[PDB]
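Assemble chains M, F, L, T, E, Q, N and B with the ligands onto chain P, guided by the hints.
Residues per chain are reported as follows:
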Amino acid sequence: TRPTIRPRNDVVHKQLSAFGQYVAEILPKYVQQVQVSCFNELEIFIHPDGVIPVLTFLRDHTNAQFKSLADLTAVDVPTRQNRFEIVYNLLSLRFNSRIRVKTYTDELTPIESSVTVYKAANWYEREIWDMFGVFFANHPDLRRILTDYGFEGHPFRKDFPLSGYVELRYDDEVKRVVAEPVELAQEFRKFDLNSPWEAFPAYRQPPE
Amino acid sequence: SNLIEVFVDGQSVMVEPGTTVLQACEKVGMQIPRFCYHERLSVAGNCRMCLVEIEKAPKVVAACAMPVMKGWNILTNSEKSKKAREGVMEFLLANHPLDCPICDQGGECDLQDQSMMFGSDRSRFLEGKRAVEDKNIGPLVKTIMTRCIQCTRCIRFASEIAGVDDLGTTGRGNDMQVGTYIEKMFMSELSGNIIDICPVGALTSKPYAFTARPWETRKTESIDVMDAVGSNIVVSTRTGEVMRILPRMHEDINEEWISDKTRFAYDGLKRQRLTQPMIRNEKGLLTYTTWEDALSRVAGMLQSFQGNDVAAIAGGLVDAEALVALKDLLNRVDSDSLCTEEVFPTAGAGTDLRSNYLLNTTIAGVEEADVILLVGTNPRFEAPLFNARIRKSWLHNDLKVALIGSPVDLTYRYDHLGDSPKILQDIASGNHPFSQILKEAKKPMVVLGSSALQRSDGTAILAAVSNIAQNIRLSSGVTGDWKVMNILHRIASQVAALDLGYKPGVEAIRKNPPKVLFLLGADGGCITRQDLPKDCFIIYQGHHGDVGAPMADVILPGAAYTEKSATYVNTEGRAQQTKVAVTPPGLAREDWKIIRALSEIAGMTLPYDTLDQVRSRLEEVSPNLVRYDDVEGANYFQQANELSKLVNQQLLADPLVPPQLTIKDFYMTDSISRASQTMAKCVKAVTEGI
Amino acid sequence: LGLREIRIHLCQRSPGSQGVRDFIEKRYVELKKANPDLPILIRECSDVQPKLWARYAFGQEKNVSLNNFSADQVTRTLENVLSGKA
Amino acid sequence: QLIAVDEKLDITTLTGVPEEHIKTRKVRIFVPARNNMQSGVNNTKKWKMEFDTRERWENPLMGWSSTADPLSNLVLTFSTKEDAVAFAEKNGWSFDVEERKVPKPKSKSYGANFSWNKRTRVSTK
Amino acid sequence: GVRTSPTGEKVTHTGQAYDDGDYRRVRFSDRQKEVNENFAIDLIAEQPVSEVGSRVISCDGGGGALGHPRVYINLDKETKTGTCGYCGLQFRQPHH
Amino acid sequence: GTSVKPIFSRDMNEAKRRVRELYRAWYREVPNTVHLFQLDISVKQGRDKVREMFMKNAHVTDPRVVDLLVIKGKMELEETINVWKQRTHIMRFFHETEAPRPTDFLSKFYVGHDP
Amino acid sequence: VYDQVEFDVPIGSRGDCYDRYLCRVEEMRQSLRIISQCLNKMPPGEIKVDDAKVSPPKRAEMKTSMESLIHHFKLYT
Amino acid sequence: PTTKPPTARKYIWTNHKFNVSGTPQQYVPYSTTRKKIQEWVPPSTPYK
Amino acid sequence: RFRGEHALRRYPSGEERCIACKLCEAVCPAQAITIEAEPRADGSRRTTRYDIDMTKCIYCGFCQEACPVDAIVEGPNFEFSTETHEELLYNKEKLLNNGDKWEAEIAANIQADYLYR
Ligand code: SF4
Ligand code: SF4
Ligand code: SF4
Ligand code: SF4
Ligand code: FES
Ligand SMILES: [Mg+2]
Ligand SMILES: [Zn+2]
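Protein chains in written order, with the deposited numbering: chain P, 43 to 250; chain M, 29 to 718; chain F, 14 to 99; chain L, 51 to 175; chain T, 28 to 123; chain E, 14 to 128; chain Q, 310 to 386; chain N, 98 to 145; chain B, 96 to 212.
Relax, there's no trap hidden among the hints.
What follows is a set of in silico ranges between Cβ atoms, one per label pair, in the way DEER data are often shown:
#	chain 1	residue 1	chain 2	residue 2	range
1	L	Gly142	M	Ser324	30 to 40 Å
2	N	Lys145	T	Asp69	43 to 53 Å
3	M	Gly458	L	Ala162	31 to 41 Å
4	L	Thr74	M	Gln666	46 to 56 Å
5	F	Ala99	M	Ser503	45 to 55 Å
6	M	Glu320	E	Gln58	33 to 43 Å
7	P	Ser205	L	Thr74	14 to 24 Å
8	Q	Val363	P	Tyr64	31 to 41 Å
Derived by calculation from the structure, the hints in this document are not laboratory data.
The beta carbon of each residue, even a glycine, is placed where N, CA and C say it ideally should be.
Chain P extracted, bound-state conformation:
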């Protein structure tokens, strides 16, 4: 491992693995998986019903005190029965550590709002609802935050087209801005960049 390769830290790896097993032992009702990545990032995969308990634990336990919510977001994977995965990034200042909590939902299953655990979640949840269509139960005021008023659809979904469905212009007959079906003078050029000849043998999937 000469100067072009990123150095690795075994002590942090061991510490994060130990804390992951600790968390899993404490909350076996909700934890389904624990992982530590090769660049020393710990993630915990939980059942959706445990969003409020688990987070509360990680915020209030003396051995965790993850008091900061760094980020809350969603990822859309159409091939899964539960389309959306919800990712919470937490920072602990007492122990100078970071953790990630993942759960899942589909287009019709509500997720509990975590504003009672972290005040920062409020706008984040709004953003998720705006961009993916995930509903959060018991949210103080859930509504659109990024899209235009009356905008239809959720643009961060994979099946949503890049340029959308409508475009805006000014019309002098009705003397106002109007929305019309989108027409592009130059269509966006789709590129097929992926090569054959797989790059990484370590991630090869079984040929099933």
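Chains M, F, L, T, E, Q, N and B with the ligands alone, transformed into the frame defined by chain P:
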């Protein structure tokens, strides 16, 4: 059973004896690097890129050529195999030219990709590189031999697949060069495939040069309509324009190859195109007009005449949707004269029994036959991929081939029995010793071409072939569902038309001349204005201006096969659909939509309004047209053979002479080919060569 | 009233088409002997009921079902269609 | 706490897609064919969903390629054919599914290149 | 080497010119049509053929790292001259 | 089988009741929207547009979808009442600038290739 | 290289706008301090990772070596 | 450019021009490619 | 190193440097380059269309660093404001004219900076 156990990176797998290390690694999901190895070519072992380590063996082995042994543990990602790959790539790149920005294989190069995946990222070659002179092998394959890496894929393909021994290596050592050693054009119906098999930019497509990059193109998986094989293809498009045609893999039809016509005749889609409706002006000249006017003029005559006064002829590139739409439109006026240009004898069963006009053995079944008899056909130019399958079976299965007809060159040695149709009678009687040859066979095959059916002896020829097949089945017994009898077709629209109830041939027009005539892409010229009464109303619907358009009163511009989702049935009886690659130019429309709009304007509205409803109608008329990869069917040979013995038409004293006598007759066969400038270049090159 | 063509859509393996298949392999030839100018198209269904289609003048069509019919029954149905009797 | 409803899933009214881009389109579900120019097979592993091709015309200024259908560049990736069918069905798109094409196993023998009496003997190597 | 259309428009080095029936010509009224006067094909056609006493020559376009990738050109064929695939310069062996 | 977590309604009747409440609220609001935005439409056609937008989703037989639709409609009503929308957003429901599209087979044949 | 430079972190006491303004001014001063240290300890060597499968080769290498041209082509396409 | 002048090329503009926007000399964009699809030309003689 | 108005360059013989590899078109983050190519009358690999939409361009300079033959460059000129949107859609003739206009300064700048590239 007899399977042996081997290990790939410690994972157990059972393989058949004689399996190579490369195939065992394939069974696990690992693709070994390769340059010279190809699945459909013979093993070479030159490039040494497949070298891999076997556990507890000091020397690496060539995975493409070495059979695996019981207990072997193949280490695909071991340090020794990685270093072997790096060294081989270093040697390959030492003399390679820095041509990537000007090389047409830039974004789709196996050399580039395997260098990025398995080689080093830098060079330590401090010498000058070798440069060789380019060779000229015709107007289709552009040659830049400094990019050659000497994998000998083209030589093996030319010798084994194409049956042409023109390519070789001259010289020795570092200056050993691939070529012909003399000024010689490599001309064959399958010559363009060496572009695809060549891993580098040494061999490229000349008409495609410098037009696109592989990352810009959009891929449409579709069907070729240049013959009746139905080879699967990929149309490459960019910004609404067709750029090139590539083969799409289908193990049962064309494996991995296409014909030179299929590959290069797309040039003709850009010339002599029909773009707007046209009508005759007061001077008598064709002038542009709207869809409303042309459709109203056609509908007025469709309303004025009925019964046997209305007729239609279907050309060679017509889809099943348009065929059934025109048939319904003419039935609504009480007309039954729905004809095709290609003649099939209607005596006996005719088109009532499907197996009477199909390649019942199927294309793949040729690999199971041990004897084949060709009657009055040139499969080399009528059905190049069928002939390639015959060549493959001849090479690998020791297939015996005999031919009735002119002694054409088929790229393999066959037994010429003669030129006279009466020879069939002798074989049908048992005097000829080839009757004894066919009697001893376990899987005999008799193939009769439609070109021998067009010669007005078609009834007698078909009866003689059926008699031979019946004698085979009666003497050798029923081996199984082997389906000896076969009919090899030439045009892509014939089987669908016969399935839908079109009368084969144009004799019904001659018997009862019509006063309104529909030409659905008909460009064979078998009907002239002389064979029709004065002031006959002729409508031409199609996509090209050819012999069919200038004789018409109204021109309705249709869509080509790259511009619609359409159903075609190949010579086996297998239905396949194309997809829309681009849209029709100008005011041209989908053909079934044209017929439906005409029916609505004429007061005879057809029940269907969408493509799905047209396919439902197709299912109602012939339900095999909506099963899109199925080839299996019933065998009614006994009924057809019993019905073929009623009429006793005599044979002519006229030798069977196929229309495609030599390669110069292969390039121009349809309106798209005749508009192709590349086909014109090919004809010029083969007629006079430089 | 003028018959133009008839269509028989039978399936290869399903038992419901069994009798229909029998009819063909037993009697179709004789039928084609009596009607040398009538197109009797034989086509293949798949997981569908057996059917008989009859086309008359000006494109009118009538279809009847042949599910579980025997050879005698399909012969009677075909004679009824050919004669025109209800 | 559980409705226990029994009905096919349909989220068409919630996705904001215009009406004529639901019941008029035809999606294709398929494993893409290998590019014949290359030998690598890594692009023939997953299932793709892609929409039907619509009209492309020439821009009167500058001659660019113009389109009016918003789904011309939309391609979705799926692990199995069943996942793609489920997605298309719940999204209200009519689909055509093509079965995966797999290269059949081949018998390869280097020794057959030099045959005593078969036709497989090669004239050059 | 610019030419002129039968209408009066200048023909570009790509051969572009609106035909007589084209309405798009209207964009040039009261204005001009931008045409580059130096045609690269004619300019590269005027370069003299270089003479080298070797079977293989190398070309990088001049200027070293300021040129193009270095390529090697074979000069065994006496019928024609070797042409660089980037630069267009020509080379030949001293025939006679 | 197929037990699922509710959003708001245990069955179809509760969803219908929520739909009726939302419709009542929109019907009450329409005249205020017409007056306050200084629109050029009448109250009658505003209420007709509300009814049409409700009838567009009348085929839904799933309570979760129904009350998600109700949540979205309540969001839209809250946007309208608080005058967070402009006149352009309100007028977008009527498409007064979009050219009429023929549903006839012949007209679509004449205009282009689009089915 | 942050762990190789020394600086102080300004900390407020009342959590209002005035303390945040003071903190921002102090961070400007500490940035000057860090910039001085960075100027004095700038080391020699290359400026991108010597791994041509990630970082593009030099133009001269691209125009002289086959692997460099291939890696440039692939990295930029 | 007095002490060291630019390299002389025969394709370099001998007369510099300023910004000619809002002037009959302004640049007007246009397509530089040829027509893609060629139409069929009817014969000049009648059929009957 | 300043990035300004784009230009197309040529060799000292007057032959254009561009050989239509489409690397600049592939790398353009804004999809502002449109290229069409074909063999020339002398068999040379050249472009028939080279368009840059200057109202889509972000002036990042990725195209000039992707170019293998120094064909497309970002020049030193920045005073090219326009009274219409149309004149900011550059075709090949405009870019060749810009190269012929600015080659002296472009060559001097490239000579000054190429040892860092
Ligand atoms: S063959 Fe491949 S590696 Fe060689 S110049 Fe062409 S694209 Fe580059
Ligand atoms: S021309 Fe291509 S296929 Fe033939 S030996 Fe050379 S690299 Fe191999
Ligand atoms: S500067 Fe950047 S955005 Fe502009 S054309 Fe070049 S690569 Fe594209
Ligand atoms: S400007 Fe340069 S990068 Fe762009 S196509 Fe031309 S040679 Fe290739
Ligand atoms: S692939 Fe085995 S040596 Fe070439
Ligand atoms: Mg090649
Ligand atoms: Zn050069």
